[PDB]
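Consider the single chain below, provided in C-alpha cells and representing the form deposited in one PDB entry.
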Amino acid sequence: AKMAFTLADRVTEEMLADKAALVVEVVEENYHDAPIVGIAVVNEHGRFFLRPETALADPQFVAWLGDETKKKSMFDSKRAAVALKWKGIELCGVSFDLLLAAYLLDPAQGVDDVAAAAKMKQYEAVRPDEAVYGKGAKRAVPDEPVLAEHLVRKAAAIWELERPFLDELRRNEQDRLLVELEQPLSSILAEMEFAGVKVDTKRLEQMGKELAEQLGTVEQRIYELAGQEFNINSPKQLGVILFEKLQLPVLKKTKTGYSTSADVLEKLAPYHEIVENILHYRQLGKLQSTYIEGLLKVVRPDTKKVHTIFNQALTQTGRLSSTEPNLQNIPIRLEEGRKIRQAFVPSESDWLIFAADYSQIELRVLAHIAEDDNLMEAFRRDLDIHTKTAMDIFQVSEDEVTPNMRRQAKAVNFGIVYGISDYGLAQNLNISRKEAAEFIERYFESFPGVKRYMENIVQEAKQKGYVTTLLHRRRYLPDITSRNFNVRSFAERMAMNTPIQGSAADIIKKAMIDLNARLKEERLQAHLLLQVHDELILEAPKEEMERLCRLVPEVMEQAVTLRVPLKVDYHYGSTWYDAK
C-alpha cells in the first residue's frame, strides 16, 4: 500500500516544526557540487515532499535548515551538509544520523542506505536506493511520483527508527560515542571536504613528463632484456617471460599462476638483470597511473583543488577511509614518490601546510590496555621502541643492537599490533615458521602483560561475542568460534588488533573535535584539511605557525589520558612535502 504524503508546491509553517526526519537527496555518489534532486520532511504534522528549486529558494525553509534549535534526524547528514555548502546553504541542528548509528551498532552490516539500516529492526516499508535509482551506467533519477514516494518512505523510516536505534546504542553504552564523537566529527569532516586541498597541477604535470620519459627508457630495456615485447603490467604474461622464457626460479606460486609481486622479484633480482628493471618499472608505473594521472583526473579545473570524501561509516575498526581521491595513501616512504606531496600546497598566499602526527600511538595504546610494565616503562622513558624490543628479545645492551636486529624487532612489533602469527611474521621477515615462533616467544617473555592481553582479549571476544575500544566502539566476531582453523585464527587476530587500531581511531577523532573547538576559541584562521589515521594535516597563515606548534600537539596529546604519555611530532612548510 502506498504511503500518504503532501507533494507541496510551496513551503508551509507546519513543514518547519522543531523536530523532523529530513531527507535532502543527492543521488550522485560524489556529492561535491552535486544536484539535490528532492526534499522530504516527516514530522508531527505529517509527511511532505518538496522540489529543491522551491524549498532551497524559500527564505523560511533555508532559515529552518540553519536553525540549530530545529532538530533534524537524517541518514548521512554529511552528504546533505556538503551538497548544501556548495549551494551556500548551512545545515544545522542534526541531532540524529541513522547511518552513523547503524555503523556504530554493527559496522559489519555494511549499511549504506536507509533500507539496510531499517532491515536491522525488521522495518521494510522502504526500498533500497539501488532498487530505485538502479546502479552503474543504468543509474538515474526516476520520475517525480516514484522519486517523491521513495524520499518520503526513507524520511518516514528515519522518523520511526530513531528511538529504537538510540535505545540500543544506550544499552551498548554507545550513546555518547554517537552524540559526542561521530556526529560532531561528521560536521568537521564536511568542512574539511568542502574546503578541499589546493594542488599545483603544473608541478604535477611536469612530474608526469619526467615519469613518462623514465617509463619509456625502462620499458625498452625490459623488452631488450626479455628478447621481445610484452605487457609488463600483465602478471600472467610477465610470469611467462620470467618463469618460462628466462627460466627464473619459481619461489611463489599464486592461486591463478606465478607470483610476480615485489617480495618475489626482490628474491629473483640476483638471477637476471630484467628483474630490477621490472621493479623500477612497477614503481614508476604506480606513481604515474595512480598518483599523477589519478589526481589530475579529479582536480577541479576552476579552483585546482581536490575534494576527497571521508567515508565515516565503512571500516570495521572505526578508522575513516578516503576516496576520489584517496588522500590517505599519498607516497612518502620512497623519495621518488614522496615528491608527489610537493604538489599539495596551501590554498592561499602566504599560508603554510602544518602536519602533526602521533608517535607510535598503537603501541602506546597497547601498553595502556595490556598494562604491560616493561612496555609502559619504555614509553615513560620515551625510548626508541624498536631498539628497546630488540634489546629484550635478543638479550643485548643498546650498544649491541645492530641495524639488522632493530629491523627484525620492528617487524615483530607490527606483528604484535596486527595480531601475531608465526607464518605471518616468517613471511614478512623471510625466515622459517619456527624461527618466527622463537622471536614471538622471546617477545612474550619480555612483555608478559602483552601476552596476557592477547590471551584475555580472545577469550573475552569468545564470551561476549565482540570486542570494544576505549570509547566503546565494537566489532562482532562470530568467526572466533569457527571450527575452521584459518577462519578462527583470522578472527582471533581481529580480536587482538581491533581494540588497538580502534582505540587509536577514537583518540584522533576526539582530538579533531577538541582541536576545532580550540581553533575557534583562539579565532585562528588555521583549519583541518586531512586526517591520515595517526596524523592531522592543516593549513594556515604563516603568522599562525608559532601558536600552532604549541596548540596542536597539546590538544592531540591531551585528547585522552592513558597510563602512558601520548607524543605528537609536528612539522610545517611551503608544501605537504616540506612539512617534514
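Residue numbers count along the first chain shown, from 1. Whichever C-alpha set is largest while still superposing within 1.5 Å between the two forms counts as the rigid core. Compared with the form deposited in another entry:
- Looking at CA displacements between the two forms with the core superposed, a shift of 2 Å or more is confined, among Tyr133, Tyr418, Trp351, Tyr123, to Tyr418.
Okay, that's the form deposited in one PDB entry, but what's the structure of the form deposited in another entry?
Next up is only this chain, free of partner chains and other molecules.
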C-alpha cells in the first residue's frame, strides 16, 4: 500500500509550484541549530522527497522557500523556520499550519504530530513520529527509504487535511484566530527564540560558588541538629528524621509517606531548630540546582545565549509555555533568588532590558465579560484592587483595611484569576475550607455581576459543551456533566476561568503582533525577547528607551477595547533584575 513519490536527486521547476504541502524535518526535540534530516514536497504536480544537502544548497529552492507569494502548508512551521534561520535561510509564505489548526479545534487532544492531527478527521495513512523514530536512547533517524516515505506521507496528509480543518475552523468562527493571530504569532516567537537572551555566565558561576559555600554550612548544621548525616533532598529520609527520630507532629501525609513541603515545614519551625535550616537549605538548593547549574547547562558556549522554545500548542487556556530553558519562572519574589536576574543581560553593547506588564489584566477581563458594575467602576478609578476587594468583602473603609486584610483579599483575587477551589484557597491562606468558602461567598455579595457570570457560564458550558474566549478560542469541558463532584467541580471552575485567563492570553498575543508591526514602522532596533503570560520583555539600544516608554504601553493597552481601560506598567535597566 506504499505511497508513490519521486526520490529526487535535484530540484526541478514543478517542485516550486505556488502552493504546496512542505515538510522540513527536524527530529531533535530542541530544534535550535539542529539538523534537517529530509524534505518533502507535495503539490499539484506530485510528491517529492529531497535530501537537505541538495535542496538547501539549490538557489531556486531557497528562493522558493523565501518567496511569500509561494504558499506552503505545514505542521509546526516554527520548528522549520527556526532550524532554517540557524542555516541563514528565510522561510516565508506559510499560509496554513496544521499543528496550530488542530490546537485551536481542540487543545485537549494534545496533538503533537501529523498522525495525531490526521486521526481527528479519520485519516490514518501516516505513521506517528514516535513509531518511526522511536523514543529515548532508542531514538534514531531511519534509513532513507523509510525516512522518505514517512516525510512524504506527512506532506500528503497535510495536503489533504488543509481544507477540512479550515472548514471546521470557519464553522467555529476561528478562521481569523488561526490566520490573523496564531500563525502571525508563530513567526514572531520564531524570531524571539532565534534571538535568544544573553547570559552573564561569570556572574552566574560566582553566585554558584557563594551558594555552594552557604549550602555546605547549612548542610552541616542540619546533620549536627539531626544527630546524624542523611540525604536532605530525599523526602523519604528527611521524613524519617523529622517525624520519627525528632518526633515532630505529622500535620499532612502524602500518597507514599510524610509531607515535607515548605508549607508544612513552616508550621513545624517552632518545634525544632532543624526546621528553619531545612527551609533555608531548600531555598539555596533550589537556586543552585535549578537556576544556576540548570541554566549553565543550556547556555551556548560560543554566544553565551540561551534559546528557549515556546510551546504554542499545549495549554487549554491559550497561554504559552517555555522550555530548555524555562524562562517563565526565573525567581523574583525573594531577594536572594531575584539576584539570578542580574545574569540576564542585553545582547549588545549599550543596549538595555525593557519590561512591560499588564496591571491586573485578568480581573479587568472579568469585569468586562461579567459586566459587573462594582468591578468595572473599581478599574475605571484604577483602584488598588486588593485594597478595594478587602474593603468590600470585610465591609470596612479604605483606612480600616489592615495589612492582613489586604493580604487575604489579594489571595482571594489570586484564586479568582487562577480558578482555584475553596480547598485550594483554604490551603493558600492556612484556613479551613469553610472559612475559605465564606470569603468567596462575601466576594459574590460584593460583585453580583461576577456571581451571575459564573453561574451563567457554567450553564452555557453544559449546554454547548465548551466555553470561548474574546477572540474565539475554545475549550471543551466534557466533565461538566460528570456525576463525580470533584471531577465536575473542576470542569465548572475551568468553565468560569478559561474565558478569563484565555482572553488575557488572546490580548497579549495580539499585542505582540501589533507591537512588532509598530517597531517595524518606527524603524526601531528594539525587539522582543520573552513573554511571561502578562509581561513582555524586550532589549534595545539605550537611545530607544524614551520612545519605548511611550510606544510599548500604548500598543499593549490598545490591543483590544474593553468596557474598562487596560493599563501597562514598565521599567528598564542594565539587566533583567534592574528592569524593575
